[PDB]
Every structure is written in C-alpha cells, then in structure tokens.
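What follows is the residue order along each chain.
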Amino acid sequence: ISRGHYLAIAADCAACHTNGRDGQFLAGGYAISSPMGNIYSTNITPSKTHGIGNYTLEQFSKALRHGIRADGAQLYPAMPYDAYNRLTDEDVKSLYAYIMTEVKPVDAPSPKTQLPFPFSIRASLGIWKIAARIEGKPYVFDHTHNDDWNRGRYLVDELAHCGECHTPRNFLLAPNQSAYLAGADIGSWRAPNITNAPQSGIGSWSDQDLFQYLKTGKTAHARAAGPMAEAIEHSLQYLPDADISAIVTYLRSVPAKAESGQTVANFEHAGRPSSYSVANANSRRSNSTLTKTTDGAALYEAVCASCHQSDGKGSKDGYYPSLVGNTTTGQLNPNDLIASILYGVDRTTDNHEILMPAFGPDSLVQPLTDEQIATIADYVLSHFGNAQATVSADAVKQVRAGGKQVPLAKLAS
Amino acid sequence: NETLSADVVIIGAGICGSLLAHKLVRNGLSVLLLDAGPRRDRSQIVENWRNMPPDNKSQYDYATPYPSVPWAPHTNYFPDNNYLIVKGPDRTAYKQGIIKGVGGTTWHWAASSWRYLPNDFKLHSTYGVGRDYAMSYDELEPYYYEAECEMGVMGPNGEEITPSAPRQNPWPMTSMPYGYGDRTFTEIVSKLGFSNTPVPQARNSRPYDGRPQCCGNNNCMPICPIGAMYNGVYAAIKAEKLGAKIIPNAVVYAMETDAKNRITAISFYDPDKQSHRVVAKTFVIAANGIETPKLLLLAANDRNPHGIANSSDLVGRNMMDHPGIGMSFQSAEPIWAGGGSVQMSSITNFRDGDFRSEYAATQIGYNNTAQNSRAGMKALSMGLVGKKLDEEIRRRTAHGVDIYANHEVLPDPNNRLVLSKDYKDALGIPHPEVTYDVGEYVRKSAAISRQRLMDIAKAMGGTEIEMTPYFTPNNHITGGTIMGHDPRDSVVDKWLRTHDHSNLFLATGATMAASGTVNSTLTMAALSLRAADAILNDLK
Amino acid sequence: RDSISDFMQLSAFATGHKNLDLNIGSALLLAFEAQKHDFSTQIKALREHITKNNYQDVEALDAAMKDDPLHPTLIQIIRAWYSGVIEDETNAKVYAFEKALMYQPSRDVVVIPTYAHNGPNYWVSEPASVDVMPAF
Ligand SMILES: Cc1cc2nc3c(=O)[nH]c(=O)nc-3n(C[C@H](O)[C@H](O)[C@H](O)COP(=O)(O)OP(=O)(O)OC[C@H]3O[C@@H](n4cnc5c(N)ncnc54)[C@H](O)[C@@H]3O)c2cc1C
Ligand code: HEC
Ligand code: HEC
Ligand code: HEC
Ligand code: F3S
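Chains as they are written, first to last, in the authors' numbering: chain C, 40 to 452; chain A, 3 to 542; chain B, 48 to 183.
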C-alpha cells in the first residue's frame, strides 16, 4: 500500500471520520461522545465543496498538528492533534498526498457540532491549548536507544495515539503526562494500565502474548472489547509485524505506574472451585421471566454458563474465554466487566467476527437489570476474578449513562 | 384504560404478530400489540429445561420449560392438560404444541425456515387436488426474502440440491458444516437413492443481528441458551423499542361490528377477568391456526351469529398439518447425533413430482438431537451396573438414530375447530376442539413412506426398530381461515383481509390454502409482511 | 456427617467412580431420607455386606446379591447418581444435570445440550472410537 495509506491506517484516521459500517469512509458524521456533548467529525474526502479539497499543504498541516481549520477557527480536541502535533513533515505530506489522491471525494456536508455554553464558542480552545502545553516540535530519533524503540515510541505516541485513552486527563480534560499510560476512564469503558508495572500494568505479560493481543485482540488471558476492539480491528491488525514488535519494545520500556490496592497481576487470579446448586433451582421451576432468581450463581448459570463453562474456564479451543485468569474479571476496577456484560463483545479480525451478545436493557437475548448485572458481576469477581472488587447496581447504572460526569461538565448546567 | 386507542391493534405477539407490528411501527403507524400469555425470559426457560427430568428430555417434552398460565393455557402432553381436545381417526396427529406469551410458539422451534415450491401455490391447478393459493409464488418471493433477511436464515447458497424454490437473492448466511451424523446419513441415503440436502435454518453460521454464532448447543427445541437462532420475541422487542405498546396477559374475547360489518372495538380479559376495551382503525388477529379460528368463533355477534368472518361457514374448517411417522433404531455403525442444530438436513427428493395427483408428497429427515439422555435412561432401565452400564450408555449414545417422514394433508372441510361444549378455562372460554382425519392421500403416501423408512433402517443395519403405528403432529398449524378469491368459498382475500370485514386482517398460518411439504412458518412470516404492506396502503 | 460419609463411600463403590460431587451427594441423601425413613440402615447393611464378603467391585455385589431385599436400594442409588432424579414423575426434583453420570461416558464427543462444546464449528472433526471409555 501507499506510504500515506499506511500512515492513515496507523493513525486510525478513517475510523472516527467514517460513520460506522455505512457512511462512505472519510465523509465524517461520526458522533464522538465528549463529556460536554457530541462532536461530529468533519468531511475529509478531497471534495472541493464539502470536504477539504481546497486545503493546501500548509493548511492541512495546521489542521493536523495544531487544531486550526482553513478559516482559522479552532478544532475541538476530539481531534488527537496533540498526539499528531509531533508528526514529521514527510509523514504529514504523505498523508496529504494520500487524502488528495487515493480517496475519492464525497460531496455531502456532515452534521454541525453544537456544544452547550460555555463550550459553544470554539475560540476559548486557544486558552485550552496554551494550558495543555501540546507543542510540539517534530519527532526526532533518540540515538541513545535503538531504532526499534524509536519507531515504537513514534507509533504509540504520534501515530496510534494510545495515550489518548490510556493516559488519564486532568481537570481541564488535558493529558496528565505525570501518569503516562496509567489507565483512564473513557466513557463507559476504561483503558487499563499498560505501563511496565508487573502487578498493575502489563509488565508480567509475555512478549508473545502482547504481540498477539495487539495483532488480533485474542489471548488466553485477555480479549479486546470496546474501543480497544475497534482500534485493533481498524488499525492495529493491518500494521506490519515489525510495527507491532516495535510497539512491544517501546511498551516494555515505559516507566511503571502503580495502582492503589494491587497485589497480583490482573491475569493471575485463580478460580475458586465453587459453583451453583442444581437442586435449589427446582423451586424456581414454573417461574417464567426470572425475577425470583436473585442468586448470583444461579444467574451466572442461566445467563452465562452456556459459553463460559460452569467453572468459568471457558471453552477448550479458546473461542469462549476463560473468566479465570482474565485481565477483565481480574481488574480491581470492575468497569470493564460491567461494560462487557452491558454491551457484549464484537471484533472482526481477518474477516472473522467474535460476537458476545449484550445483556443490557436493549438486549435481544436476555435483557438484565442493574441489580441482576451487579449480582452476576459480583459472582464472577468472587469466584473467577478479583475477590477484592465489588459491583453495585448504582455502578452499573453509572456505566450505562456513559461513566461518571467530569467536574468540568458542571459548567454546562 | 377503556380507550387503548391505536392506529393498528394486533392480537397475538408471536412471530407473525411481532413481525407485523415491527414493520408497521417502522412506517409511522402507532401499534398496540396484545398477547394472552405472559412475558418470558430465555434464561429462565433454559434453567427450567435444565431442571426438567431426564425422561422428559429423552422423550421430546417441548412445553414443560414454559409454565402454562391458567388464563391463557397452552398445550402440554407430558401428562396431558386436556387444553386442546382432539377427536377423529387421526386425533394423535393433531396433539401439537403451542406456547402463549410475548414471542409465541416460536420460543421453541427448530427454526427450519423454508420456501414453498411454486407448484405448492397452485396445487389444484397443477395436480387436481387441494386448493390454490390466492397469490402465486412470485408475489410472495419479495416477502420471502424480506422475512429471511429479518430473521437471518442460513442456506445452501451455491448448490443444485434438487428441483426446489427458485431464488432471486442468495441466503443472508451460508449453511454451517454438517456434523458427523448428518454426513453419515447423507452418504447412506445417497447410496440408497435419496438426496439429503441442508435445511434452511434461521440460525447463525456467523454473528448476525447482534447475536452470537451458533455453537451447536443442540437445544433448538425447546430453548436456545445463547440466542444464536431466531425467536419472534426479537421482533417484539424491536417493535416495542420503536414505540409499539405491548400488553401481556390480554386474552381477547369479544369484537364489536358496526352497520357495515366493520370492527369498531375489541374486548380483552385479564388474569382477574376484568374486561378492557380497545378501539383502533385496523384490527389484526395473529394468534395461531388454532387460536385465531377459536377467537373468531367465540366472538360471534348478532350480525355474525356463526362467528366473525364466518359467512362461508369455513372458519375453523380445512385444518391442515404435516402428518409424520416417527421411527427409532440402533444403527450398526456409530452415528454420533448431536453435532450442530437439532435438524440440519433433510431428504427433499420427494417434495415434488407428478405422483402428487394420487398421494401426498413427503419429506424424510433425520433427527440430530443428542441421544445421551435416551441412552442413559435406556441403559438404566436394563439394570446394568459398573463398566457394562457405561459401555451401554456410550454405545446407545453413538448408535441411536431417529428418523421421521412427514406428509402433506389436503384441506378437508370436516377437519374442524369447533368450540368444546364440555371444557372451559379459568376465564370461562371454551377449550379448542379439533376433529382430524388424514385421508387416503396421506394414507397411501404413508404406506410408501413406511417402506422408505424401513429401507433406511435396513441400509443402516438398524436394531430395535420402533416405528410409531399412528401419525404424529408437526406443530405448524395451517388452515382454519382459508384464503381465496370467492367470498362464498374463502375467509380472507389475496391480501389476508377478511371478506366480511374490510377493517380486519388475519396475519396467521390459518390462511394458507395448502400445507405444503416442509415447515410453514416462513410462509406465515412472508404473508404477515404482505398484510403489513396492505395495512400500510389502507392507512396512508 | 457420619451418614453422609457412609453414603458417599457406598456411592463411590456402587457407581465405580470416586470423583462424586459432595453437594449433589448431600442433596441425594437428604431426598432419600425424606423418601425412605430406613435409608441409613440399608446403607449400613450394604456396606457391611461389601466389607464382609469382600466384593471387589459393584459387579460382584450385584451378581451375588440379586435376590436380597437390598438390591432395589443399590439400583436406586446407582440410578439417582447417574440420572440426577430419584422419583419417576415429570415434576421430580433434578439434583444433577451436566454432572450426572450418564452424560459422562459420551461427553468427549456428544454435547450436553444447554452447554457448549468447544467452539461454534467443533463438529467438523472426526469423533473418537466407541470402544474408548474416556475418563471418570
Ligand atoms: C416444537 C416445535 C417445533 C417447530 N419447528 C418448526 C420448524 O422447524 N419450522 C417451522 O417453520 N415452524 C416450526 N414450528 C412452528 C412455528 O415455530 C411456530 O410455532 C408457529 O408458526 C407460530 O405461529 P404464529 O406466529 O401465528 O402464532 P404463535 O406464536 O403460535 O402464537 C402467537 C401468540 O398468540 C397469542 N394469542 C393466542 N390467542 C390469543 C388471544 N385470544 N388474545 C391474545 N393473544 C392471543 C399467544 O399468547 C401467542 O403469544 C414449530 C413449533 C413447535 C411447537
Ligand atoms: C496503541 C498503541 C494502544 C496500545 C498498545 C494499547 N491500547 Fe488500549 N484499551 C482500550 C480499552 C477500552 C481497553 C480495555 C479492554 C476491554 O475493555 O476489554 C484497552 C485495553 C488495552 C490492553 C489490555 C490491558 C488489559 O489488562 O486488559 C492493552 C495491552 C492495550 N489496550 C494497549 C482503549 C484504547 C483506545 C481507545 C481510544 C486506544 C486508541 C487504545 N486503547 C490504544 C492502545
Ligand atoms: C453472562 C452474562 C456472561 C458474562 C458475565 C461474560 N460473558 Fe462472555 N464472551 C464471549 C466471547 C466470544 C468473548 C470474547 C471475544 C472472543 O474471544 O472473540 C467473551 C468475553 C467475555 C469477557 C471478557 C474477556 C476478556 O478477557 O476481555 C467477560 C468478562 C465475559 N465474557 C463475561 C461469549 C459469550 C457468550 C456467547 C455464547 C455468552 C452467553 C457470554 N459470553 C456470556 C457472558
Ligand atoms: C475519531 C477521532 C479522530 C481521528 C482519529 C482523526 N480525526 Fe480528524 N477530526 C475529528 C474531529 C472530531 C474533528 C472536528 C472537531 C473540531 O472541530 O474541533 C476533526 C477535524 C479534522 C480536520 C479539520 C477539517 C474541518 O473541516 O474541521 C482535519 C483536516 C482532520 N480532522 C484530519 C484528520 C486526519 C488527517 C487524521 C489522521 C488520519 C484524523 N483527522 C484523525 C476526529 C478525528
Ligand atoms: S440451541 Fe442455539 S447454539 Fe445453535 S444448536 Fe440450536 S441455535
């Protein structure tokens, strides 16, 4: 493929500028759910009327690396232009050539993003950029390290922008470089610690396990879901093996950031040899539409035990993951387990699709309530995952609403 | 309440009613969906089947996991609840199962979604027996495809299986690979001269509609634990998400007709027998081939003394099904039933032919349900202990074979669905009563089918052959409100609208003028979508 | 707990399989005692016969004790462990499904329906031989 096409795949720019499966790609219209509202990605196809067809190289570089449109209006930081701020000039011009040559134009205006006051005016974003300290001298190789480490750092920081989700934000929704890659809460999902910490981060992961997870999202201890599944499916699965190896090499050198209340790695939680009672279920016969089934073990058996086995160790061929020794059930923060139950899993890699059905209110297979989801999650954590984690119905309700509201969003009220 | 007004009101949240409601609410209408039965949870039914006794698993109990409510009871044949009374020489051929609730009897089904042959729509014109449909196969083909895409039907996409229904589009998914039993049966019957071909199933050979791929749980009847197959509760959920109101436990019992014989309102009961009145611009009855004629006959008025839409005296008559002949034996070589769904293939070689002017066309099939429960029960019944018990269980699980042969019955006016004069339910509504006879058509077809089944057993080296001496039901009820062009010889017209009332549609399988050779619910869904088009045309 | 231990050893001898669930065994003992009020005495008599005549396995006990009144109790114990039910009705209590001993001899090939074998297309493989008892 072309160099610009490769850089566009690595930057994952065609995932948020494409409105899902439909919405011919790079036409925009995708609604990113920011804490203040909805931000719509603009038209990117080289249309001379509705797209960026009249963008020069300088204007495209300004939009990509500084968040300024052609007319001078500031771009919302739903653009990772803080991450793209350090792209080399050659990479920027390759991306410009790819946009202006490879992709066909689309003449259809995207929905206008409308944010509540005081976020309505896209002029205070200059103050935000000044406060965030995003500039931003182009990337140069650190000669003290080898080339693989430098390419991995460029991919993680500039192209694949991992820190957009794995680095927590401060009060002003700006990157917190002190807690680099220490995990964050992005909407209803949470990006875990991916530092070199053995117990809290991915330090205890083997190199082959990390490579396999980044290439496919499937590992005996970790399966990608939520934003990670789409990141892998749209961008990471198409990268060369050299790029994934460089990413792993750089990730192994990221300074460790420890969590509070961590003793063992998220994938090192053994399963308690305990389960439900078949006999006790005989009372619940003739009780259609389960509402007297308040037992967590019985609920897991009825809803979850078909695919993940009754002991929670999953299928033998690995299609259904083992909940025992799982990085999602083994996390102290049960956010991702709740999100998995509420929304299921979906990942198309190599034209083959994992799907776990959703079990939220909108489920087609088995709609569960907040209390039932919390009970099942408590059973899973106690018996298969982290025994120190707990789930309440209010936590499930909060995950349903898009996570906890950030303090800054109080200004829009 | 006392108003419950809506643009369209559908009586019955089965697959037909829920699909109709979903299509109607997708097109701007306001829909009120009523169901006599309760709401059901898939996981609760799964728990109920798991705790169902192993003898009820060995012999196919498909109704115990669904509790029967006293106000809207459904049929249970492990110990018989006598809800559906059957009489006649072939009463045993009409003891078929239904489920009442939001989702209906499609809650438990093999999900075999079939298209009828074109000649099945002109049976009388082609062979001189039976009746013709009010519409041709080409008219229902778009609705066939619409139903298949909505439900997600697998199929043998690139394959010249046999003369079958011609397609304009391929199946949404391709049929999943056979298990060991289906491959062995296909080879054996191919050596025997029979064409064993994949069954088109509303199953997931890949993730589809946000639901998982089929992992071969082999419990399609009576409940899928993971949702890798289509249930009408999906259409009900999708319709309710779009604004349709669903009222469970709403047993419709009365209808009011004005001076133009147009339904102005309906009255439905509740578990405490409080009457509620519903007014709408269009009324649809999507209940059953048994419940729809029962409600039509129960709601007789002074304008309609013999029943609603019963001016031709044909409501409840012409009851049809597929009379089957079950058979079980122990194969000489292992078959290992259990890999895949419960019904993965069938012999479709005799679906059509010039013989259909003398005896019925047949469908021969092999049952893919696991034989571990039956093998365990049988080995325990022999008083074996120790290693011999385990060896017997394994051998009978590997060798047990179940075969069936279903036939086509002609629409006979004497196969009726009169209301029972002896039995009533908790609401004082009479129980349904069907007098059933199979006819010389099916009797000759069944002689030939019994010969064929014996041939299949001999080719497999069967032992302990047990062929049922009576005809068995197949649970998809056709006939009762027949369709046609003449108001004096049919109940509904080409668009499933009653000839008596222009305000009433019957989106049910009772409208089909021929039972056909294979399962008949995809035809019911296509007809419901056709009626949806007609209803939208009337109200727009 | 002495009665429960006696029942579990008698069950391990009768079924011939040592790995018997103790909660299923406890429920089975409770239901058997609720059904028969002399069940413990019959268990003690069966164990005394086994330990006195030195029966190597349940085959020898069954062959040498066909006419004794304790044979129905042995057969009932075997059937309750293998099938998970004690009575013979359609509303009988099920004490073991997917852990019942009749689903085990063919478990390596045949599915226990509402629980999944490994993967959505596992059946494209060839099954094992009928003459190989798997495990347990
Ligand atoms: C074991 C089994 C296996 C089957 N296998 C297949 C198969 O392989 N292939 C196939 O094509 N078909 C199969 N069928 C048949 C098919 O799956 C459905 O059962 C049938 O076609 C559903 O018809 P329906 O949607 O019209 O109504 P149903 O789903 O039967 O009932 C619709 C609803 O009507 C409601 N209702 C009834 N009376 C009233 C009233 N007075 N007021 C309000 N609501 C009322 C009920 O509560 C119910 O919810 C099978 C059926 C069974 C039982
Ligand atoms: C870009 C270079 C990367 C890299 C190396 C990783 N991520 Fe993410 N990630 C995101 C979410 C929501 C999750 C949780 C998974 C779940 O919900 O099932 C993850 C998870 C990971 C892991 C696994 C850690 C574990 O203990 O589970 C790893 C190794 C990982 N990521 C690395 C979210 C996102 C993004 C959304 C905006 C983006 C971009 C990335 N991740 C990018 C990367
Ligand atoms: C009952 C409600 C549950 C619960 C609590 C969980 N599952 Fe599943 N699951 C399925 C698949 C296919 C996957 C992974 C993706 C794949 O490999 O393609 C999962 C994954 C999970 C996780 C996350 C594991 C990880 O490390 O991220 C969790 C916490 C989880 N599940 C819990 C498949 C299915 C099902 C299909 C038959 C069903 C039913 C369930 N899962 C049910 C549940
Ligand atoms: C899904 C997240 C996302 C990713 C990844 C992303 N963009 Fe955007 N982009 C946006 C959003 C949102 C905006 C507009 C918000 C604003 O107005 O502040 C935007 C604006 C732009 C603009 C300004 C044009 C205009 O009309 O506003 C350009 C140019 C652009 N993106 C190009 C790119 C390129 C090149 C890439 C790398 C392939 C990329 N984007 C990656 C979301 C994304
Ligand atoms: S039970 Fe479900 S998983 Fe498949 S075999 Fe039947 S559709």
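Derived by calculation from the structure, the hints in this document are not laboratory data. Among the clues, some could well be false.
Covered by chain C, per the in silico footprint, the following chain A stretches (three or more residues, Cβ under 8 Å) [said to hold, decoys possible]: (1) 204–217; (2) 222–234; (3) 349–362.
Just a sample of chain C residues kept apart from chain B, beta carbon distances all over 10 Å, derived [unchecked claim]: (4) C201; (5) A344; (6) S345; (7) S349.
Even for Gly, the Cβ is constructed at its ideal location relative to N, Cα and C.
Hints, verified against the model:
1. 204–217: Coverage by chain C holds for the region 204–217 of chain A (8 residues, Cβ < 8 Å).
2. 222–234: Since three or more residues must qualify, the claim that chain C covers the region 222–234 of chain A holds, with 3 doing so at under 8 Å.
3. 349–362: Per the Cβ count (0), the hint is violated.
4. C201: holds, 31 Å
5. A344: C/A344 is in fact no farther than 10 Å from some Cβ atom of chain B, at 7 Å.
6. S345: For C/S345, whose nearest Cβ neighbour in chain B is about 6 Å away, the distance does not exceed 10 Å, so it is violated.
7. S349: With a cut-off of 10 Å, C/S349 comes too close to chain B, as the shortest Cβ separation is near 7 Å.
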